[PDB]
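As a starting point, one isolated chain is supplied in structure tokens, in the form deposited in one PDB entry.
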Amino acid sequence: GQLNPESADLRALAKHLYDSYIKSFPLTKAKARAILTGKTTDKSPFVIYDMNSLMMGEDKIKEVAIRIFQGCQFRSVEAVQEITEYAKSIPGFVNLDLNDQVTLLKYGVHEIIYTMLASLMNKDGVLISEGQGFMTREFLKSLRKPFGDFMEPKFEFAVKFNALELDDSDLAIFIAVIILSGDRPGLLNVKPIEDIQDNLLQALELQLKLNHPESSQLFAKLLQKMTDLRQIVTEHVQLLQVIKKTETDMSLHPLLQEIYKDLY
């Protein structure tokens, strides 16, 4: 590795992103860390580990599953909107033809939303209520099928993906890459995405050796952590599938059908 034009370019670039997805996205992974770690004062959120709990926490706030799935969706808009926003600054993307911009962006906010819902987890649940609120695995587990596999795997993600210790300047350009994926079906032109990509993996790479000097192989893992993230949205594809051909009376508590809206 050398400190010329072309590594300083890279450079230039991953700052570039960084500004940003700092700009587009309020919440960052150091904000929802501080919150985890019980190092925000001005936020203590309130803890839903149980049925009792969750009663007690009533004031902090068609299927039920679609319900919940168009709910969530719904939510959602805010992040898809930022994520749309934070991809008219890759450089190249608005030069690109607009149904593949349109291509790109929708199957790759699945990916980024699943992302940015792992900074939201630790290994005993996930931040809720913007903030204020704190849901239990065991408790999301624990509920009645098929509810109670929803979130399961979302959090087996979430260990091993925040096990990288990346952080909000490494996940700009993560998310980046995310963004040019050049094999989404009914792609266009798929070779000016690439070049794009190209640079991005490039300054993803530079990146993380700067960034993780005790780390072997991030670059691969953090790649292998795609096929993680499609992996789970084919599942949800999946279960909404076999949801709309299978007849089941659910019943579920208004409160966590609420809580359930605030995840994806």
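For clarity, a rigid core is taken as the largest C-alpha set superposing within 1.5 Å between two forms. Positions refer to the first chain, counted from 1. Compared with the form deposited in another entry:
- Only one candidate in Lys221, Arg67, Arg33, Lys209 has its Cα displaced by 2 Å or more between these two forms after core superposition: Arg67.
- With a cut-off of 2 Å and the rigid core superposed, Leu240 has a Cα displacement that reaches or exceeds the cut-off between these two forms.
- Put the two forms on the same core and the Cα of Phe139 is off by 2 Å or more between these two forms.
- With the core held fixed, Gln231 shows a CA shift below 2 Å between these two forms.
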Contents of the next structure:
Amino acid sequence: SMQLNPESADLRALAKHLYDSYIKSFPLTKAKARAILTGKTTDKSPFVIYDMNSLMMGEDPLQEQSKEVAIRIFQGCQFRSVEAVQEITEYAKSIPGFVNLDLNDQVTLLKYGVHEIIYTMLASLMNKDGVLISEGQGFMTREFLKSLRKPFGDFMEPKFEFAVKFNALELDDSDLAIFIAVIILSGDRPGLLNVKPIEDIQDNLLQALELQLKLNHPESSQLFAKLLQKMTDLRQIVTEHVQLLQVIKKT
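Next, report the structure of the form deposited in another entry; the form deposited in one PDB entry has already been given.
Only one chain is given; partner chains and other molecules are left out.
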């Protein structure tokens, strides 16, 4: 049980702040994405890329223009990944305390954070069938991405695997805003000078998260613990990504 007091009020105020910021930083929210994936909004009718024929109809710089469909698609992911770092960096700047940190720690926390957030928010854009691309204008199937020649055909599978289990938590934009902020303010990132001040902020964010998950998910056993376990999955996934980016890099 809880009480409505000044402490619980400030954690609600903190949660509202992060959501309004999330909304300003992230154009394609989970609510928007779920609406497109379930046919509800007329606004977007994404083109479905499910095979080589629809990939060609689908597209419709100069010296990285490759014949190999696998190359063009991996360059799409790379461009959107740079865009996603901008959005996350904008979000990060609205987390109370975060700019009052050593400019050094700031770039550190972001350096290891972005890949964890990308994967977290990639789940928002995914169902069983595939993933929204180009702000909900395109939809690329899981199986088409699997069909790409090795090792590109193995690139997104682990992301799909993550998303199925993560989307079963049934988190909304309010849940995700606080979760994403908890990820960024991670004490245990290599090379940080001032750890305590990052930790004191995360303790507040973890409190805000616990309060948000209790209020927002009345029918949910250990959703806080199941969410914090996911931060372990995400580390493992980044490791597997990096190892694959460095097999692709080599050949």
